[PDB]
Amino acid sequence: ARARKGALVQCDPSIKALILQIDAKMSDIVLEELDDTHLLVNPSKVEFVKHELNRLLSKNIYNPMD
Amino acid sequence: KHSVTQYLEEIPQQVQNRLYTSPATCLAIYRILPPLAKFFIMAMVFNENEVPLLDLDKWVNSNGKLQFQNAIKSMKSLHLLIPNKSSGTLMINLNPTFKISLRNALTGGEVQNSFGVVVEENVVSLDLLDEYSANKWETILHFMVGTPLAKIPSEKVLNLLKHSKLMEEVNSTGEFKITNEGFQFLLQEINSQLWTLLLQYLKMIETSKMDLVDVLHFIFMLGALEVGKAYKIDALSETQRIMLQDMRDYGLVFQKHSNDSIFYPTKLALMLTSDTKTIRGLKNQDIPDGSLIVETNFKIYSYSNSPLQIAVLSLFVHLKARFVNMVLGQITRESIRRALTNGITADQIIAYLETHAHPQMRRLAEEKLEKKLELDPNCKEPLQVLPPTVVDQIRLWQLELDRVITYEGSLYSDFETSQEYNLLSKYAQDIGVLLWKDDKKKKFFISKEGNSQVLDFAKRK
Amino acid sequence: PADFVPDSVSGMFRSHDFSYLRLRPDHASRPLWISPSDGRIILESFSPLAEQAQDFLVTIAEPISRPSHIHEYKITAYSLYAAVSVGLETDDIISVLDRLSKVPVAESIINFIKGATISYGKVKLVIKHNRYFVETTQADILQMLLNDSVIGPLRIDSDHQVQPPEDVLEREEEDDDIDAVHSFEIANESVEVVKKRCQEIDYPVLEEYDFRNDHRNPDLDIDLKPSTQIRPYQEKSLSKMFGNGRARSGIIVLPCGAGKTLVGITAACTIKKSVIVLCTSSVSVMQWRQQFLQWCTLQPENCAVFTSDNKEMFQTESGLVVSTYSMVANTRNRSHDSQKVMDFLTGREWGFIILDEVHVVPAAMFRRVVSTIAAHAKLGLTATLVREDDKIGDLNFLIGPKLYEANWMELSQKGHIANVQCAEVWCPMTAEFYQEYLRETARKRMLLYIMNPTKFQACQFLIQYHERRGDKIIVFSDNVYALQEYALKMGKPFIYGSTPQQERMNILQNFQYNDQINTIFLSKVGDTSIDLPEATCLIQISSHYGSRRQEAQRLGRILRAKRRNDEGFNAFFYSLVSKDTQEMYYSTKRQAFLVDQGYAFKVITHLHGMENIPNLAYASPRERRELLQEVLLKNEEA
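Protein chains in written order, with the deposited numbering: chain 5, 2 to 67; chain 2, 7 to 286, 328 to 508; chain 7, 101 to 269, 302 to 770.
Since the hints were made in silico from the structure, they are not lab data.
In this text, a Cβ means the ideal position worked out from N, Cα and C, and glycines have one as well.
Any given hint could turn out to be false.
Taking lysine-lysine pairs in the DSSO-like style, the calculated list, with each CA pair at most 30 Å apart, reads [claimed, not checked]: (1) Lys46 (chain 5) to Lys183 (chain 2); (2) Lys183 (chain 2) to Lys51 (chain 5); (3) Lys215 (chain 2) to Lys168 (chain 2); (4) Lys346 (chain 2) to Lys214 (chain 7); (5) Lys46 (chain 5) to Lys214 (chain 7); (6) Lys51 (chain 5) to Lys487 (chain 2); (7) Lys495 (chain 2) to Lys26 (chain 5); (8) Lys6 (chain 5) to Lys490 (chain 2).
In silico negatives: residues of chain 2 with every beta carbon more than 10 Å from chain 7 [to be verified]: (9) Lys7; (10) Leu155; (11) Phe370; (12) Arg409.
Could you put together the complete structure from these sequences and hints?
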């Protein structure tokens, strides 16, 4: 009997951990590890997190090759 | 394709019958219809006795006879005809108003409106206004695109764009930039550009002076031919005048200044229902007008250009160094992020770019294709037709850049059993709310605002 | 210092700013219009005939030759320096650009082009008629001899000498630049620093090392021997060391191993002087002495090579020499009789010296040969010049920039170097290792990268694919620690560093012309020996940053060293790229110059049929989760 105002995020297994790791210092911002391809997240920090999520794939490449 | 037909049919018959007075429209809409319609319409056009149905089905043989439905649906969809199931059959005939609205037009009837074009002393030059609107018609793209020139200054036109809100830019800052609609704005150049807009006039057209025939007629009358005078003097309702003012304001109409004359029929109106050759200071020659280089080296390769379409193409690639007829701009994995910074996939880009800028890439479609069409089963390894190498990388980067989907609202969680899902969530997948349907999830998703049928039945389960 | 950076820097002159284009001159004149300010290359509507125009474009910049009308182009500062060999009418290129003044003609660029034509052929370092002198020859570097102090005050007012060309011979500028503004005879002492002083005083001065114009020699223990032949890529290099005045030398970038001794034979044959030769390792060198050293022009007896265990006849023959740098590039030395050899040859005024694939060789050890021979001329032969050690003095100001590139897509229209279609399979990743990869640290993170379940499912598929359509394989990988485990968990041979010589033999003998045991693994020192003349199915699995260069260079010897000339040559390359991992971006940065070379690359994240493999151990992921328990170990050692 519930409907928390949540923010689902379709995801991937590996990125989930990333996303988990995102919460792993930015916790509570994820809400439920629905599955590998779905995650309840924070309207107050969502793409903010996905920006943080970008940071890791930014931590991935940084792709300047400059 | 918004398929203006779709807009057309939206209205009920009386309005349709309202409009069928203006004969040219009837002819105009005639062009619109699928050929079968066109065909059978003629079959009924000159026989004033409603006719059975199977006969028509008995006109067609096998495969293709589905189009019959695709035909009969359409005509019925706008109900041009009038069914008569009196004797169990279907006795059919057109909207006779419309039918005579055609016939009169078809054989020199009393069509003063469709024949409103009162030709006069032809003061029109080919280059005369050839871009005279095309400038305004082009500058608006830039003004819409957002550029050095205030080609989008039409307060109404802008207010139209803002009212149309099809552009993804900061209207708070004033921007209406390339949204998906803006991307679509880039997509459908002429047929798309004209029609895709034209409805905006109707979109804004809800408050005063409905006069749709005087509205629509002002369109297809424009769609008729460059009759110039004889209407703009008088032969037009005031709604036409505002439409005339609007048309010139929309640029789509070749009305000169002095506010007292019959405006020339700018080429746009031809382009409005042309679907043909569409191109057209004194240097105006194509196809090379759109000039650019397509290749797997991720750069600008531009000898020729459309001095706006470039910056338009830039809208997915950073300009780095403009030169007279060339620009340094690297369209790369970095550059594509911008189309995604707006958000739109550059999937429209692919064929368009495979279609556009080939004027500068004509030796390309043979350095690359080699006409690798028939050698397809002779080699297990084709060659760059059409060039996918960056496109794969694009398609690669496509997910690779996108790589996420986010939802928000509440979260329904941990349901009970397989009805609320296989009674009212495949039914949520049958009343259009859901922002997730994972059966076993026992949890489902919408957008917070969107519950009017979402906290309603699971309660009932 | 002694050398100069200027040998690995292509892709320049790109003169174009936010408003580059001047009033389009070539707008009217549309026979040909390359990107002028850049030096870019583009055809014109009054002129589409391309193919013969390969050479003229060769003079300037970098093309895109899967371009349609034409390929790309660019400016190049030292590139004009190279062009001095022909040394044609300088304004002619500008005159050629006269039509190509696409914008308003970029006279500044044109001047830049006039500047781009400044140095090469405008060299300046004196020389004298069987000696060296303190003068200068061309306008570009004229004062690089006269006003000097190691070339000018290290130019000695001695009048003229061939027989008087010796005592001095401020050391032997026998390889001095273009010569003789009033040329003060060269001395015997101090140009070991001049070569450093040069760019130090920045003289773009065209060194010249003659064929017979130094009679400090009744010209010594060489002589011409021409028996050799030629494939379409030789002669330019050979005449590249002539120039003006008297002859010269330089540096050339090649995929090596193409009988490069043969081209070495000529210039040495063509000076009849004192010369030595050098290669990497008794690990490496023996692929030289006896399958590609005698079908050529030399007598069968002379030379000696030295390791004091792999020693030779020293103190014996007046003739030429050959050794290894790393042998004496170091206080490493086996038998003090090395110093019975060391002192002279080091101190000996060698007319020429041969260095080969010095690419990997570091200044921190490369300066020894600089400090070792100081031969009157030098040989520039390595793999790649754009580098990781892109440091200040590359061997250029010693010998020169690259002289001859290779050629791949359109000269090989004379000889096919192994048509490539590269593959990178984008295998996704599992967080299970990756989670503690988020818990990891220094490069011992990368080991976790090796712990990917996907490599296995594909690995056999590669073996299956290759043999399902039946062509045998050559693979590439790294980090033997478990990669060796991979091998005898792949059912395929294991190859590892720290290995006895005995076991190295059992790899090929009942293995080459047979058709059954048809797979191989590679170590990190075994690659320093040989690659098979077989199985151009090339599959990369594991690599490592920075090594990428030589790793990419490592891939080189397979295909370029091949020369067979068929119609198509359906050959391909393949690689493993575990998705969602730290490296692929750097691998893309490695890929960044993959199709740079025209040798292309195509990607397949998943092909038509990868999953067709039923023989994969770990078919269900609990063995892959058994693997996790093994995945711990070394990374729990870590």
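Here's how the hints hold up against the structure:
Note on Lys46 (chain 5) and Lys183 (chain 2): the hinted pairing holds, with a Cα-Cα distance of about 26 Å set against a maximum of 30 Å. Pair hint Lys183 (chain 2) plus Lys51 (chain 5) holds up; C-alpha atoms about 24 Å apart against a cutoff of 30 Å. Simply put, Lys215 (chain 2) and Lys168 (chain 2) have alpha-carbon atoms about 21 Å apart, close enough for the 30 Å limit, and the pair holds. At roughly 28 Å between alpha-carbon atoms, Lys346 (chain 2) and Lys214 (chain 7) fall within 30 Å of each other, so this suggested pair holds.
Between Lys46 (chain 5) and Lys214 (chain 7) the CA atoms are separated by roughly 59 Å; this puts the pair beyond 30 Å, and the hint is violated. A threshold of 30 Å between alpha carbons decides the hint, and for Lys51 (chain 5) with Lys487 (chain 2) the separation of about 27 Å falls inside it, so the pair holds. The hinted pair formed by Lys495 (chain 2) and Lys26 (chain 5) meets the criterion: a straight-line CA distance of about 27 Å does not exceed 30 Å. The suggested pairing of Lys6 (chain 5) with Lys490 (chain 2) holds, with an alpha-carbon distance near 13 Å, which does not exceed 30 Å.
No beta-carbon of chain 7 comes within 10 Å of the beta-carbon of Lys7 (chain 2); the shortest separation is about 33 Å. Against chain 7, the non-interface label of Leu155 (chain 2) holds: every CB pair exceeds 10 Å, the least being about 17 Å. Annotated as non-interface, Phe370 (chain 2) brings its C-beta within 10 Å of a C-beta of chain 7; the closest such distance is 3 Å. With a minimum CB-CB distance of about 8 Å to chain 7, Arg409 (chain 2) fails to clear the 10 Å threshold, and the non-interface call is violated.
Of the numbered hints listed earlier, those contradicted by the structure are 5, 11, 12.
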